[PDB]
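Removed from the display is one protein chain of the complex; every other protein chain stays in position.
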Amino acid sequence: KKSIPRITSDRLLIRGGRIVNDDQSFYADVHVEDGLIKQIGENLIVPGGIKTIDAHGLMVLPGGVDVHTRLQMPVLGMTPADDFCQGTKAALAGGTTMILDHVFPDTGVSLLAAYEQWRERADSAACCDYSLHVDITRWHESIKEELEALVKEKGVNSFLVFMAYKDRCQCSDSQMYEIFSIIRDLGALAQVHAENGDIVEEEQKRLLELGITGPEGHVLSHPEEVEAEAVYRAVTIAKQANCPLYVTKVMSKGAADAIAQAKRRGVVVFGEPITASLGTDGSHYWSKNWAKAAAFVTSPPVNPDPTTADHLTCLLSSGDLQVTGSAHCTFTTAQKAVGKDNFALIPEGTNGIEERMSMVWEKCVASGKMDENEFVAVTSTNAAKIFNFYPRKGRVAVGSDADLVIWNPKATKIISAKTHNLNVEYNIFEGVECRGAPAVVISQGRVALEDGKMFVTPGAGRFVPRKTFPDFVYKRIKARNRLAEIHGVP
Amino acid sequence: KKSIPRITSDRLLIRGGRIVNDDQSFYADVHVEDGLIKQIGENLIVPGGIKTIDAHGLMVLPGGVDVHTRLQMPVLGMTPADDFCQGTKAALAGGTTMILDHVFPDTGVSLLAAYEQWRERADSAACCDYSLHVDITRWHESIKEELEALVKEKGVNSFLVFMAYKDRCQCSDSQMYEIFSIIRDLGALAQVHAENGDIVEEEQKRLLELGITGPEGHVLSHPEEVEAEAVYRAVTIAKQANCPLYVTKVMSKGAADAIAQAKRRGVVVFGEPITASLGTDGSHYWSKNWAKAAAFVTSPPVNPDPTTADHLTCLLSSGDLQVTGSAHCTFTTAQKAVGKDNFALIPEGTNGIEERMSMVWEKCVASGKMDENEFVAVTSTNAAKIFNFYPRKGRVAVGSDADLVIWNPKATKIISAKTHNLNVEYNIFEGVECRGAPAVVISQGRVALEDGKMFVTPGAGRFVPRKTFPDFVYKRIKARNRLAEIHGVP
Amino acid sequence: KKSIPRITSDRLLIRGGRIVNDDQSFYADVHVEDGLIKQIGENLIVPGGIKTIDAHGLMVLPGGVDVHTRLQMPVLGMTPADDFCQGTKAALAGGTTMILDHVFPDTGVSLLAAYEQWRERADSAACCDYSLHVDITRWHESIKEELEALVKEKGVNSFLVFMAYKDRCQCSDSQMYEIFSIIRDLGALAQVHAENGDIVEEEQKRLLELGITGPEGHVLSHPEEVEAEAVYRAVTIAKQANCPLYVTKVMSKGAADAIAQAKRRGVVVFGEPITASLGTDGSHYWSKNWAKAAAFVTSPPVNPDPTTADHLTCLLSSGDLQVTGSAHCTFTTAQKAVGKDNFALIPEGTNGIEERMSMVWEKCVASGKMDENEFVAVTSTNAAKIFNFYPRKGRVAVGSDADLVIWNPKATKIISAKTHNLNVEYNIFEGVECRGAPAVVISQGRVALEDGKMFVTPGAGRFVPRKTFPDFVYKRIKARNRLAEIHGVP
Partner (left out) sequence: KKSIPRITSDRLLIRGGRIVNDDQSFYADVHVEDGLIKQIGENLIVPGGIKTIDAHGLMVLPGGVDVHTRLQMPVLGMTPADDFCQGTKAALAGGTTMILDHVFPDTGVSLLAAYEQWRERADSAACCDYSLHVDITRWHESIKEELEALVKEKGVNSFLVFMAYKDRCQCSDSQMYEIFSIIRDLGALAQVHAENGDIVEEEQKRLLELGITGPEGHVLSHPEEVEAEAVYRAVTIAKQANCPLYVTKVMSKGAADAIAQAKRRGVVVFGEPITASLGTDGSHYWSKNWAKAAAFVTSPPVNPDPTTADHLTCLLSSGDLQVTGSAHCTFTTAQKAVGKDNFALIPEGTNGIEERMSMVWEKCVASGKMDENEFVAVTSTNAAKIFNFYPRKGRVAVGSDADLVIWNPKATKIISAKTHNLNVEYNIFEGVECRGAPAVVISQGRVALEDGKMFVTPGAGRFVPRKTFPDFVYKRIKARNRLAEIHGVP
């Protein structure tokens, strides 16, 4: 008698596609087995019976990597309406197969404890693979031990510091310098939420004092100048500390320019525009419909200058902005409405997880500013290299994870709350038409989207641990450490 | 019997000069009486006997206005070596006839009390006219009343805030915003000492930790980036508050560029390069001679990039930097030497009061970057318009004060401690040769310098009170206030 | 018997005004006699009977100096609809009292002959004072003698070179360098019409080839890039030749930025935005109404980017753009309509002479970007200093010409062809509302506008001759000549 092992069904054959990686495009068939890309070539020898997808005339590209989601973060006591299960389903529907969610400790909760609560929730509800950033809401004298445990034991290599939310989680410049020096020693990436909280607080007061209580008060109290200044100050502190810097939620021309200028001076810095900053503008804060206007309330806000998106799109093309995220963090109209009488009480956050891939295509590729290969770079590959999971993600290559999008550059879709996969009533991209969309989405070698139908398994998604010292970040950083030593300076 | 009044001897006739104002140059004679310019013209009818100066082939221009001196400020317990009497003598020797000195309250001393101590000392020792800025070293809840008394009663219309000196006189961004809003309401000018004190403090520690205890540790702990960032943050807060901003001690390209960029965006901001930033560079911090190196220790430091001066000179030419000062604040070698073992204990401050006019001429006019008229602008006229004593100063015009320099554009002088009019042993411009120098200096209608000899009267110099709301500053500011009201915003 | 001379009636008393010069504002009465300002003061001793104007609550400022008009230039065989008489009347109605018109020699006509034809026409028809620029349409080997006669005998100190109009009046870079070297030696100002004619010609062909024959073809064939490039190339050649450069018709952000960057590098260059570039945008080229669209056809075109005007207004505020003109050159709808089937046959030119002062006030002063004093600078004073008739014009000062505007900052007017003083049916500012307008206009000491009525005398206007080597331009240029000699280089 033979005892026969079971062979798992996360196997498929994709025929006829134009494979698009960040370095080149080429024509070949793709054989997936056990959730991995097993062969890439012509006239591939493959088992009969195998699920077969004909990708002819279409592209086969790595699944999107959303570098920023906030699917479980508490905001003014509110739980986001799209939780890990709905968020990751929405992600898959838009061609994203991996998300990086922000762990945000509630008051009194340590970083490790918050990390464990996130893992508990995500491991049982994630429809696609994921990993976690850890947000530092309070500095204290020994939190280096927490950071150290997180990077050595829990597969985390990025932490976020807040320059805003005065009297809550804002850091001082001294504290920032100290945290960035620790992050550097640990081989981790320093993220920032870059707005001057003290200035925001002063404007919010003045505005409320004059009865400007609607959502336009939110954008008015977060002028572009407080983002640009905070980014510049963060860059400055990071540069002095030789700590690699990652600027979250790049919403303005001024913030993006500061990053581009820093890069020209050799600063190790990354910028993250999000779907909202590429896809809409802040004119809607002044909408006669309060609920619509509130739907845009997020920090930094969607910039009211409608030339912003095109500018940000130019800087994705030139390599100054390297990754795209959503910062997806949604609240219903009822949730937003706690701030009906005071914009400062509106829970901040907006949509973007589902629209990211198509909006990036529409703004960048369909416009002629960038090509398909650059598109892969800024939607998966650069993210994978920055956060240290390349080429596991962000590459159609033998041995990589079978997270694949069969992409149709000729498809067009009008975004609407009528058809979106979110638990909220408004979509900040209502009525925007995008060129480019997924035809098929594959996650872990299984079809998640085909012929307009979703096939998801909440809890199938796995945690992806991330080693410290990613080369793409740290080779420069370590050379600069060694030079400082040789030259006897800090 | 007739009772005959005495006619005072502050009268003279200057013949044959090329009068140079900021708007034009022209040939005419100048008649001074009672310390004022009484007539300007050809074939002037004037009393026989009058002291007569032949200015033929030479220029007659307004006396310099040094917008920044620190002749009585205590630094680490040390009193500056050139006090009000020696400082103003040195000023007159270099063609400056008015100084604006900084009142700096010692700990426990109110602004009004410090103002009164400065007036007591300056009124009895000043060789030329003067006025006072008031430095705010501590924020408290009612200091608006002090500021208000100062501008309404004491002829002060400018106050300085520090962004550096952590744990001593550094303000937070909230406090800065609140002070700038008060300064705006009072019609006064907000000056800043623009360096990020928190970052400076962190670098100083790291450097001392590695035993870099010499004066190069001072420049190394105050990199250009902390000046540029602080200037940008100040500009940002000033702009939000609609408060006119004046950046003191512009020493770097980055700081100057930030101001130039702000001006292009319509921000009401002024920049003040000083003699040291136009005349030398920071290579001397690394001098084998400790005493020489220490002589350069001042904050912000003299920039080590030797292309800095030429850049600053370009921005004086383009109108982005509008005034020149000295920040003169000198300490002997023995005084500096308290920091022999720790650069952070070296009292900060350097020379420049005597060399300002000639160094500006040498760098700006003798190079062909600017003309004689622009030279007057950036050495007296702009200062007079900013601080609200135009055309009393900064103009050869009937009714203006007779503060006049007979200027020789062909003279050349090598600066040296061997011939300078200071009480210190080193000169940061040792061996620098400048084209352009005063032949005659007239203060209050009396000759102070002639044929290389000084004629000074300590205590002759008067306090010049300065009204609030100078048009050159505030017309824009007030229009913006009115527009905010019309548009129902802060 | 006494023989009694006649005393002329170009005398008046203006009481109660706020005098506004470029350097300061102040309250005083103004006494005009014989077309000159005779006294400025309080309690002025003046003849009884004198015409008296009460300017209380209003401003008294120098009459505008329009640095660019084209009132007699032939365009595609067409004579402009507003000739010297109508143009200068329209100018006076908008508070401009001096114009600088461009002499443009027809084919076969020498510069001197064209100059004489312009003088003949202008001397008998000008309602206000004027002077003449001379446009060089053809380079030849001995034209230096013409230029020399013009500056030595005919009171001309500015000449214009064309970089556009390929095969007609475009110069090559060699020729430009040679002309600029001659202009420098003569002490004259080199103006440019800065567009790349070769590129324009290639785009015009492509566009006509695809049947884009409407006025939008005109703007499409003159993209912003050809202006910016030509300005940069002109700046470059001027800098190498040490020849002062004046850029006419600054219509784009790119052109203005090039000038601002040049000034920062110490280049002697002036920029001239015009009413059209501050007051409207190029969206109207796409108007369904052909006649409206054609009304905007001029080169360089009105930029389609509607953020342009605000940018140009920022650069007037920062001092990078120093003068304002109209380039007024109007054609009726019938005249424009020769190009009904081919945009390249539409005669180029648009309005602006009447609206310049109010549009500059509206965009610059009423917005809070600039103050009243800066307004005088960029509307009269800087022009007077550049072209060498300061302080005869551009200053309320004793001995200056009595060209004065009693200006009402609170007046508002909607511009319309229904009320304009032009001979054409369209106004490119139709429906634009401006704050700020003249109440009274005085030219040569006589009232030209009062209570909404014009009082003009065609032929009263005089030619104003302009000496070479204006200091405001040439002091820098001559210093640089002397330095080149000292250093043994060109």
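The letters A, B and C name the chains in turn, as written, and every chain counts its residues from 1.
Just so it is clear, contacts are C-beta pairs under 8 Å (C-beta built on N, C-alpha and C of every residue); 3 or more make two chains touch, one makes a residue touch a chain.
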Neighbouring shown chains of the undisplayed chain, as defined at the top:
A, C
Listed residues C:29, C:33, C:129 or C:229, member touching the removed chain:
C:229
Looking at the whole complex, which of A:8, A:318 or A:419 touches the chain that is not displayed?
A:318
Going by the contact rule already stated, which one of C:67, C:98 or C:220 would touch the omitted chain in the full complex?
C:220
So one chain is hidden, and I want to know which residue out of C:106, C:198 or C:433 touches that hidden chain in the complete assembly.
C:198
Just to verify: which one of C:172, C:289, C:416 or C:419 makes contact with the chain not shown?
C:172
Residue among C:51, C:140 or C:206 touching the omitted chain
C:206
Applying the definition given at the start, please give the residues of subunit A touching the unseen chain.
22-25, 260, 263-266, 314-315, 317-320, 365-373, 385, 390-391, 471-472, 475-476, 479-480, 483
I need the residue numbers on subunit C that touch the omitted chain, in ascending order.
166, 172-174, 177-178, 196, 198-199, 201-203, 206-207, 209-210, 212, 220, 223, 225-226, 228-229, 232-233, 236-237, 239-240, 488-490
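Everything below uses one rule, namely that only the chains that are shown with their structure count from here on.
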Per the centroid of Cα atoms for each chain, what is the distance between subunit A and subunit C, given in Å?
53
Can you check how far apart subunit B and subunit C are, centre to centre, with Cα atoms defining each centre and the answer in Å?
39
